[PDB]
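Just the one chain here, the form deposited in one PDB entry, laid out as structure tokens.
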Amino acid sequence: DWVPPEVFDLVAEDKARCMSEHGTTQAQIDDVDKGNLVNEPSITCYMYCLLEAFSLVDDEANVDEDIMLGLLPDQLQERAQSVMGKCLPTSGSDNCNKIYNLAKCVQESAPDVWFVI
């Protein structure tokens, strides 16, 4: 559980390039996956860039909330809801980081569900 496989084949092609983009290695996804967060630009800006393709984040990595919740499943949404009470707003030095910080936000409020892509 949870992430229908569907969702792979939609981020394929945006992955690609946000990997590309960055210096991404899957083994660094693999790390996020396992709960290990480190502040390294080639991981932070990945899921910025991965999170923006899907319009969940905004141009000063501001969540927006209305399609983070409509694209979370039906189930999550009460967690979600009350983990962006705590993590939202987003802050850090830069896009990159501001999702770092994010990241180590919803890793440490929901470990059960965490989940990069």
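Positions refer to the first chain, counted from 1. Rigid core here is just the name for the largest C-alpha set that superposes within 1.5 Å across the two forms. First, how it differs from the form deposited in another entry.
In the overlay on the core between the two forms, a shift of 2 Å or more in CA position is seen for a single residue of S55, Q75, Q81, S91, which is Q75. Positional change of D9 between the two forms reaches 2 Å or more at the C-alpha, relative to the superposed core.
Once both forms are fitted on their core, the CA shift for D66 between the two forms remains under 2 Å.
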Given for the second form:
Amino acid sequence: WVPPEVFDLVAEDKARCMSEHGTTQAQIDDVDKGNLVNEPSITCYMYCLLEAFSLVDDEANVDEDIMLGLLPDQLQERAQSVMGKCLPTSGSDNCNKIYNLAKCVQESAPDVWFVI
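Given the form deposited in one PDB entry, corresponding form deposited in another entry:
Chain only, nothing else included.
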């Protein structure tokens, strides 16, 4: 009757993305506080994490329906407005695209910061 091993999917996904990009816990902790920097070790992590959740494709194009689907009904119109300002993504590579997206979302809704 052994209880199942319980896998924390978010933790697994972060762990995999960090290992793939040489990302430190300190860097993840920065992003989770809303502190953004254009450094591939952390911005490629952000890209990786979004891609794992099907929020972006392999050119860091946002799937708006999936991204909006993260949020409660009450936040939809606010979120749609942010996406109107911040999409489509742009930047020099997938990591920079997500840096620029994160910065746009931060600046567009400066009093809140949502993290997976």
